[PDB]
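S.K.: Next come the chains, spelled out residue by residue.
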Amino acid sequence: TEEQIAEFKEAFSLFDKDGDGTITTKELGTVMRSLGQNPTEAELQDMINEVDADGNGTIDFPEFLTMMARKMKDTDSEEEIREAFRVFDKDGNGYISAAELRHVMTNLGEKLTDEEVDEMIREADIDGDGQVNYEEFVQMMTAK
Amino acid sequence: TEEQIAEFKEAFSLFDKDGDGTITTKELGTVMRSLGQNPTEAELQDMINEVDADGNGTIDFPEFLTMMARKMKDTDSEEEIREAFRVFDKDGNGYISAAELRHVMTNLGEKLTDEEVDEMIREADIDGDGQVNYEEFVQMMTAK
Amino acid sequence: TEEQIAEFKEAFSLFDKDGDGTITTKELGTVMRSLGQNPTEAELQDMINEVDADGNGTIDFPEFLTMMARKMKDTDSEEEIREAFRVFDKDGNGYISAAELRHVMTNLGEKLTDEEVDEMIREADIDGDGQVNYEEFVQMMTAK
Amino acid sequence: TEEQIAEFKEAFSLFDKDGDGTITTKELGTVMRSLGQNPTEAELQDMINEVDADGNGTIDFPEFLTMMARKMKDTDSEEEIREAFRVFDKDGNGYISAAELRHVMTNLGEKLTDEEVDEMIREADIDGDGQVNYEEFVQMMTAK
Amino acid sequence: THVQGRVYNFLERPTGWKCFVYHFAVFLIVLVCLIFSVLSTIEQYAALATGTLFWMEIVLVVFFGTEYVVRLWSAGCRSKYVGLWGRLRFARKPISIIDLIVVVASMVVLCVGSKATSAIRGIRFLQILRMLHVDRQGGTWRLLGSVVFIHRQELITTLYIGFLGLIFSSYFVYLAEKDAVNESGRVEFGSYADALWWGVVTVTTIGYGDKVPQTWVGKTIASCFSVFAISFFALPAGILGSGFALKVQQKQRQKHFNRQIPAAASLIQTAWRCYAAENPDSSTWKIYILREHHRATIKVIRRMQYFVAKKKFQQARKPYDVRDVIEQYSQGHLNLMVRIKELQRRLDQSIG
Amino acid sequence: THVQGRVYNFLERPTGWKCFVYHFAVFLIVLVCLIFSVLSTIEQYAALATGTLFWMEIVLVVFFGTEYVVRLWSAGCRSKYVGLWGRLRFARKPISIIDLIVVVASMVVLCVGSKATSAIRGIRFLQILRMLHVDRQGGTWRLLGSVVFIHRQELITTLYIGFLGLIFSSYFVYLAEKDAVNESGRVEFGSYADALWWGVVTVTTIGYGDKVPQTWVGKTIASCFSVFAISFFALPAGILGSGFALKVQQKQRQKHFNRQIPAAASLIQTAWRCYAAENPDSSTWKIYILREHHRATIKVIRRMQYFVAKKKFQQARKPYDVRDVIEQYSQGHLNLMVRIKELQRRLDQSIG
Amino acid sequence: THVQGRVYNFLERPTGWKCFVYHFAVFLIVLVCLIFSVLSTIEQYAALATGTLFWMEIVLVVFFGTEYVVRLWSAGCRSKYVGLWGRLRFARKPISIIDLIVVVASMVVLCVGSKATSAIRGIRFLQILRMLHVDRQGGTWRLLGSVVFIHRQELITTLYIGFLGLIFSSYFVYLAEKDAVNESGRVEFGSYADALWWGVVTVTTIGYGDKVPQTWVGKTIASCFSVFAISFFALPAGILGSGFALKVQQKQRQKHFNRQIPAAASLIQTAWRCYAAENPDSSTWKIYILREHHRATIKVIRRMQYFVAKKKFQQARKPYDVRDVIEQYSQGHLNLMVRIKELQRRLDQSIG
Amino acid sequence: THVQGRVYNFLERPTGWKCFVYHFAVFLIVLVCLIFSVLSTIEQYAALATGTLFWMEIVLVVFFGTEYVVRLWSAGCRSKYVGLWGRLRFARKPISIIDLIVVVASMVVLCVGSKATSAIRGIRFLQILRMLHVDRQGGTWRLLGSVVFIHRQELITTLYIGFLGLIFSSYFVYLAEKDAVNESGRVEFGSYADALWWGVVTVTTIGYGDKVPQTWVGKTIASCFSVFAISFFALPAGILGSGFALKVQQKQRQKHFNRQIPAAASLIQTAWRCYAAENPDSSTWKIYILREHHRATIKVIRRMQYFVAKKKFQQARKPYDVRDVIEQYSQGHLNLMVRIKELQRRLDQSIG
Ligand SMILES: [Ca+2]
Ligand SMILES: [Ca+2]
Ligand SMILES: [Ca+2]
Ligand SMILES: [Ca+2]
Ligand SMILES: [Ca+2]
Ligand SMILES: [Ca+2]
Ligand SMILES: [Ca+2]
Ligand SMILES: [Ca+2]
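Residue numbers (PDB author numbering), protein chains in the order written: chain F, 6 to 149; chain D, 6 to 149; chain H, 6 to 149; chain B, 6 to 149; chain E, 104 to 218, 223 to 396, 506 to 568; chain C, 104 to 218, 223 to 396, 506 to 568; chain G, 104 to 218, 223 to 396, 506 to 568; chain A, 104 to 218, 223 to 396, 506 to 568.
Among the hints, erroneous ones may be present.
Cut-off 27 Å, straight-line C-alpha distance, at most; resulting in silico cross-link-like pairs (DSS-like, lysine-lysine) [claimed, not checked]:
no.	chain 1	residue 1	chain 2	residue 2
1	H	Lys78	G	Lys528
2	A	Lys534	B	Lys78
3	C	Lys183	D	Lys78
4	E	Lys326	F	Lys78
5	D	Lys14	D	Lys116
6	C	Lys362	C	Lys285
7	H	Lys95	H	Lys76
8	B	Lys116	D	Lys31
Covered by chain E, according to a simulated footprint, are these stretches of chain C (three or more residues, beta-carbon under 8 Å) [to be verified]:
no.	stretch
9	301 to 313
10	551 to 561
The set of hints was computed from the structure by calculation and includes no laboratory data. For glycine and all other residues, C-beta sits at the position ideal for the given N, C-alpha and C.
Start from the sequences and build out the full structure, keeping to the hints where you can.
M.R.: Shown next as structure tokens:
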């Protein structure tokens with residue numbers, strides 16, 4: 006929609022903060038370290054290699070529109086998220102325990118804070134039975 | 006022709022400027038930086054790997070004659086140039102717009118000056134319709 | 006067994022000596038250099054890549070239990086040890102000499118001391134005939 | 006022969022000059038630089054990777070005997086030397102000119118001195134016709 | 104506590120040796136019953152087998168009915184098959200529909216018979236159709252479907268060439284042998300229908316010989332057709348054999364299951380964070396640490521983290537190739553360039 | 104504005120589901136008409152189909168004529184097919200020539216018939236020939252031609268071996284069975300023509316049996332021939348199946364379409380600069396900045521830039537391999553050698 | 104000193120040219136005797152061959168008995184075949200059991216005959236069974252078993268599809284041709300037994316023609332069956348040919364035999380050290396140098521060294537791949553990071 | 104000056120378009136003469152072709168005689184074929200021997216005939236034998252020999268399995284059908300000779316049907332034999348097709364011809380230096396610069521240089537693989553370790 010295009014326009018302008026019309030890894034790292042995100046060249050290349058579809062190594066306005074034309078509710082999206090829940094399902098019988106989920110969240114990734122760990126155990130719980138109904142969890146991830 | 010051989014002879018002598026009979030990446034970089042072409046070892050290896058057909062890593066007189074025995078009007082040449090115009094033809098319907106050509110020229114390559122951008126839009130234009138007749142453009146590239 | 010689990014528990018605690026619950030290459034190198042084992046990052050990565058089954062790069066208690074659940078008397082174990090004795094059997098006729106074994110032990114590996122070389126030539130010897138009965142040697146490696 | 010074994014023995018002793026019984030890249034480089042051969046680690050690894058058949062990275066006496074058990078008059082040897090003369094035979098008609106041989110010898114390899122270039126043009130010449138009889142040249146390489 | 108999972112493993116997915124041998128015994132006894140029913144029509148076992156058909160039929164239908172009932176009851180272990188809706192989803196599967204159709208047809212025919224040849228043949232059909240139930244991982248049908256899906260354009264092209272070649276060859280055969288009469292006076296090629304039948308026989312190399320050209324030109328064109336189009340007839344066997352061989356070759360280059368665990372966890376975390384970006388009153392915003509217009513920036517950061525996690529997930533599912541080496545070398549070279557530049561700047565500052 | 108492009112996409116290159124199903128329906132109705140015409144000669148549909156042949160014939164010829172006309176009119180979208188010369192170039196294509204020949208033959212036969224068996228057979232021939240029009244990307248003919256071109260020497264060698272083997276085997280069969288008489292007195296091998304026919308039948312495994320050797324030596328030599336030469340007969344199927352399998356395997360290692368965009372742009376720029384090197388009065392010479509004899513040097517620089525761009529283009533079209541890793545490692549090692557040498561020189565200067 | 108090894112090499116594992124030609128001569132004379140016995144029943148050699156059967160039989164049985172005796176005596180060279188128990192282990196091998204059974208059956212039949224057709228046929232059976240003794244490295248049976256073991260699920264799937272397809276096709280053929288009567292009044296398809304026989308003939312492309320459908324629908328369904336299921340019939344040849352081709356392709360990427368010697372020696376040393384960890388009174392504990509509770513730590517160190525040696529052994533047996541390059545690059549990058557960090561720390565300390 | 108080379112290129116190794124079309128015309132006219140001679144025996148061309156056989160025979164023998172003479176004369180261009188000994192070496196080649204035998208047989212038969224069927228057949232044999240002369244690069248015979256040599260053990264194993272399987276299957280067929288009588292009273296399986304013939308027909312899928320089992324057990328064992336052993340019959344086609352496919356796949360990874368020039372030159376120089384090490388009075392010893509016992513050291517240095525050059529030559533002939541990357545990374549890492557160690561030592565000296 007036109008309003009969505011305008012929103013992407015001011016988002017691009019704010020993320021640029023330079024007026025050149027192209028946004029670089031230097032500027033992205035600068036804004037993250039202003040926020041305090043201690044960036045890395047690994048993050049910079051993980052950004053360049055996929056979003057920058059033109060291939061010039063920068064972030065142009067038409068490029069940004071192309072990557073904002075994405076959609077997270079794709080059939081491929083819920084299929085891959087379901088397979089991801091199947092990745093750590095060691096038993097393979099459709100039974101998933103909350104203890105292993107808590108351990109993985111705490112010891113891997115961003116090292117989830119106890120607040121968001123409690124958020125995990127409260128949102129994904131059928132009356133706190135320990136066996137989360139991950140299909141409806143996938144549905145309400147996709148529903149957003 | 007004999008005159009062509011002589012022309013290649015003085016071209017080799019001028020590009021050498023040393024009298025050793027062999028021309029190296031050091032001398033090529035020196036002459037480019039005298040012209041002001043801020044060379045790079047990447048350019049030096051991109052030169053060595055293809056022209057230096059003998060494989061000794063230098064530029065000898067018989068080598069230079071072998072690489073000047075080239076011809077840019079080869080059937081393979083216009084075939085590959087036509088495929089190259091097909092590379093960025095996103096639509097694939099034979100329609101090419103001048104706006105994308107201008108954007109690519111300005112934002113990629115040598116960062117074409119506005120003068121040569123105007124040269125592009127004036128030479129490749131059927132009365133300025135925006136749909137260049139790229140087949141005749143290929144023909145008059147090959148015709149030189 | 007429960008006693009075996011307890012033994013693994015105090016072994017993990019002693020090898021940690023930090024109380025964090027996870028043991029790192031830094032601590033392992035520190036304890037080895039306290040023993041005097043002049044460690045190397047090659048040894049550290051050769052440790053991480055195989056024992057650390059979780060993949061977090063450390064030594065956790067459940068991980069340590071998983072790697073202590075091993076067994077050295079496996080059919081694959083004696084098969085691979087028999088193939089290993091077949092590796093340096095140059096003749097391939099089932100005849101193995103003690104001289105080559107002594108030379109290999111002295112000039113390769115940990116550079117076996119004369120004491121353990123004598124241990125080799127006395128344990129693996131059918132009345133000192135020079136032709137060791139390597140099948141029973143494999144059996145009493147596996148029997149432990 | 007026993008005399009050949011003894012010759013290899015004193016050759017090994019002279020090339021060692023240390024008495025350890027094993028000869029290393031350090032000692033080989035030292036003796037070459039005493040001769041004045043300005044060695045390189047590339048030469049050292051090109052030596053280790055092929056002669057050192059045991060794989061310990063040094064030059065032991067049994068190893069040296071194994072590599073001196075070679076023979077340069079092997080059928081594979083003259084076959085590969087004939088193919089090597091076929092490698093630079095650009096025409097492929099069995100005709101080889103002495104001018105290209107002289108140019109290759111002078112501009113590649115050890116940069117053959119004019120003395121050995123004259124040796125080339127005098128030994129390999131059927132009355133100085135310029136078309137060397139390379140089959141008999143191969144035969145008298147193999148005959149030694 | 105785990106009785107439902109245990110019975111589900113015992114029934115749906117046998118493994119090890121106990122359940123594997125049990126399922127093998129069931130399969131072999133089913134095949135023995137099928138072959139005995141095949142031999143029943145022959146006069147050797149015309150009477151005894153037919154008399155014993157009803158007993159084995161009722162025993163088998165009872166066994167498969169109980170098996171279907173217990174499998175449906177144990178289907179509740181799967182999260183997607185929990186409740187009445189989940190049981191319906193399990194039943195709506197093609198295999199479950201096949202099983203219920205087979206058992207209902209069996210009970211219908213048995214109750215009608217209790218109080223002919225077509226009924227018995229339908230019994231064999233439902234037995235061999237239920238025999239397909241042993242396929243549990245889809246290793247036959249799903250595998251062949253995937254193989255076809257990979258090579259759709261190739262099979263389309265090959266079939267197109269084969270049909271066109273056989274059609275032209277049959278037309279040439281007919282025009283050469285319009286008046287084809289074999290020995291002792293029979294018109295073998297009565298029409299191009301006969302020509303097409305001879306062509307398909309030749310391409311399948313049956314060689315029945317009921318329609319064989321009797322002219323030299325016909326023999327030559329038949330030889331040319333055999334040279335050209337029989338290769339099309341032999342294609343798919345070699346094609347899918349090579350496909351299986353290359354799949355097995357690539358089966359040796361998969362990363363260990365623990366390598367994709369960090370990528371899966373990271374993508375789950377990023378997906379949850381993107382979903383929770385719609386919750387303004389969350390308390391996780393200050394963990395990164506006043507904040508009024510930075511919510512959009514945080515949403516963009518979470519979105520790009522989710523995209524990076526998606527890239528990591530696609531990288532995890534694919535085997536090793538040159539791209540991993542290229543990117544590893546690129547990141548190492550960039551790191552060492554950066555470190556050398558920092559050292560150069562610091563040394564230039566220090567020297568003065 | 105885009106109506107010509109839209110109709111060109113609808114007709115020439117169907118995609119998605121609407122046009123794809125439309126073209127599938129057209130193809131299936133064409134095949135149904137073809138099979139009904141095939142069944143027409145049989146007495147089941149001798150009268151009704153023949154009576155209805157003219158109606159379907161005129162309807163189809165009108166449909167294909169309109170389709171050809173609209174496709175030719177829409178061909179003007181392509182730049183190479185603009186104007187009368189472009190329309191002629193479109194018509195000079197083999198597919199366009201085939202279509203126009205088919206439609207003109209159809210209208211000729213229909214107008215002659217309006218005011223026999225051969226005419227109807229030619230109608231079927233033109234229908235199946237126009238049926239080849241569905242090939243639009245050349246995925247059948249161009250693909251098979253490319254596959255043959257890749258393996259020309261291999262097919263030449265294999266065919267050479269096969270023909271020589273079958274020729275010697277047939278000669279041995281004839282010399283063994285010059286007086287071959289089967290049961291009840293027929294000379295099956297009347298000549299080496301019969302021997303050659305038996306040999307081709309054996310290598311194609313038809314097994315008609317009209318000429319079968321009756322001697323033990325003949326049986327042994329026939330067995331040897333079957334062992335040796337039938338493999339030649341079975342070659343091409345497996346050969347091109349393996350070729351397709353390896354092509355599909357290599358289909359996973361192509362760079363993204365945006366990676367070759369910089370190379371294409373650079374080569375276009377270098378080509379234009381080389382062409383414009385012939386224009387002395389250009390104003391782009393001073394952009395690099506007095507200049508009298510440096511025009512030749514600038515021409516050489518542009519030529520070497522064009523050669524480098526050509527190398528980049530050839531690199532873009534080929535998939536990943538060891539060469540890319542080798543050159544990347546070489547450039548990185550050279551860069552770090554250069555940087556370390558610069559650091560060493562600067563430090564030696566600084567220490568004094 | 105080495106006479107037992109020499110005779111073992113001469114008998115069990117011929118190599119070079121002398122023993123190789125000797126074994127080839129033995130094999131060819133055995134085959135000549137077999138083919139002469141095959142020709143014996145024919146009247147050309149009915150009398151002379153039968154009269155000479157006993158002489159060659161006794162000579163051969165004596166030769167193979169002496170060969171078996173000398174091979175069993177020379178089996179003592181192998182360490183696992185030392186002593187009476189080792190001789191029994193050698194005899195318990197399937198090949199040794201086959202040889203002893205063959206020789207005992209031969210001597211039994213010869214002594215019974217000395218003082223009919225079935226006996227002679229059993230003689231041929233034991234001769235061709237002993238003929239299998241030439242397989243010494245298992246290159247036939249062990250290789251085929253390994254190839255099957257690698258592709259067990261693939262052959263299971265392919266066979267499953269093939270049998271199901273042929274079963275349904277045969278049922279369709281029977282239902283189409285229940286009343287199948289060919290020319291001059293014979294019921295070719297008397298039952299679905301005949302239908303199954305015709306189906307297996309078609310899938311094997313024998314084309315005997317004793318049961319050929321006479322209806323158009325039968326011909327169409329037979330053509331569909333030939334298109335679908337004959338590929339299954341042709342699968343295994345191409346499958347294992349591709350397997351052999353890929354094995355030979357991978358045969359070029361093995362490390363030299365001296366490369367695994369250090370890994371083997373290290374794993375032997377670690378295994379011995381782990382075994383000796385149970386010996387508290389050993390004198391090797393102080394070599395690493506007071507020690508009371510460190511025995512468990514030393515045991516853990518030896519265990520992890522043994523695990524690392526096992527990893528090295530598994531790496532040695534596998535050919536080169538991307539993993540080796542990845543780990544080499546990782547270790548080099550880690551080393552140079554560590555060295556650069558040390559240099560940075562030392563320079564920061566020095567500058568002050 | 105180059106007339107001998109030009110005629111050698113024109114005759115032995117045609118290339119381009121002129122000589123290529125000339126040789127193609129010669130080959131096609133030879134094939135036309137062969138097929139006309141094949142058709143000569145048939146009564147259509149019984150008289151005219153036979154009357155014209157002598158004219159074409161003498162013309163062709165004169166043409167091939169002149170061609171052989173000029174080729175032998177032009178063979179002197181090759182260095183190994185210089186002089187009478189070189190001409191004999193050229194003549195001793197199998198192709199030259201074949202050509203001279205063919206021409207001498209042709210002139211003998213023509214002079215005898217001038218002043223029967225077997226002679227004409229021998230004429231065809233020598234024509235098709237001389238037809239093999241078009242093979243000049245050995246692309247058929249040498250290629251097949253190399254392919255066999257690569258897979259000797261694989262073909263040995265496969266053939267062994269195939270013959271054993273067919274032998275046991277034929278024995279089972281005979282024991283099942285000892286009294287095999289087909290319809291209307293003929294003993295189809297009169298013996299295991301008939302059983303072997305039926306087995307080879309089945310494995311080759313000829314399906315003549317002269318010996319078809321009439322029992323159910325015979326049909327089952329024949330089906331098992333067809334399932335097992337026909338794959339062996341189909342092996343070699345797929346095996347060598349996969350071999351050709353992998354060879355073509357590896358044809359894309361060869362280094363340019365100029366890359367092996369330095370290795371060849373270095374190995375030639377080292378070989379000459381090793382040969383000249385036997386010449387004490389040479390003047391090249393002082394180029395490296506008093507020298508009494510260093511001659512042995514110089515010989516060892518030259519020998520190790522020759523070995524290194526041999527390693528470079530073996531590396532040049534093999535395509536790219538992981539070993540090149542491994543050694544390049546190893547040398548780069550060693551260089552940068554050495555440089556960093558030198559820098560560390562110099563900095564430690566400087567800081568004091
Ligand atoms: Ca903007
Ligand atoms: Ca910045
Ligand atoms: Ca010059
Ligand atoms: Ca310079
Ligand atoms: Ca603890
Ligand atoms: Ca520490
Ligand atoms: Ca010594
Ligand atoms: Ca030194």
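S.K.: Each hint needs a verdict: does it hold in this structure or not?
M.R.: Taking the hints in turn, this is what the structure says about them:
no. : hint                 : result
1   : H/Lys78 to G/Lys528  : 19 Å, holds
2   : A/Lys534 to B/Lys78  : 23 Å, holds
3   : C/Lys183 to D/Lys78  : 20 Å, holds
4   : E/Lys326 to F/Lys78  : 63 Å, violated
5   : D/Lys14 to D/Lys116  : 34 Å, violated
6   : C/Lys362 to C/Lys285 : 64 Å, violated
7   : H/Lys95 to H/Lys76   : 30 Å, violated
8   : B/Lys116 to D/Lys31  : 21 Å, holds
9   : 301 to 313           : holds (count 6)
10  : 551 to 561           : holds (count 4)
Of the numbered hints stated above, those contradicted by the structure are hints 4, 5, 6, 7, listed in ascending order.
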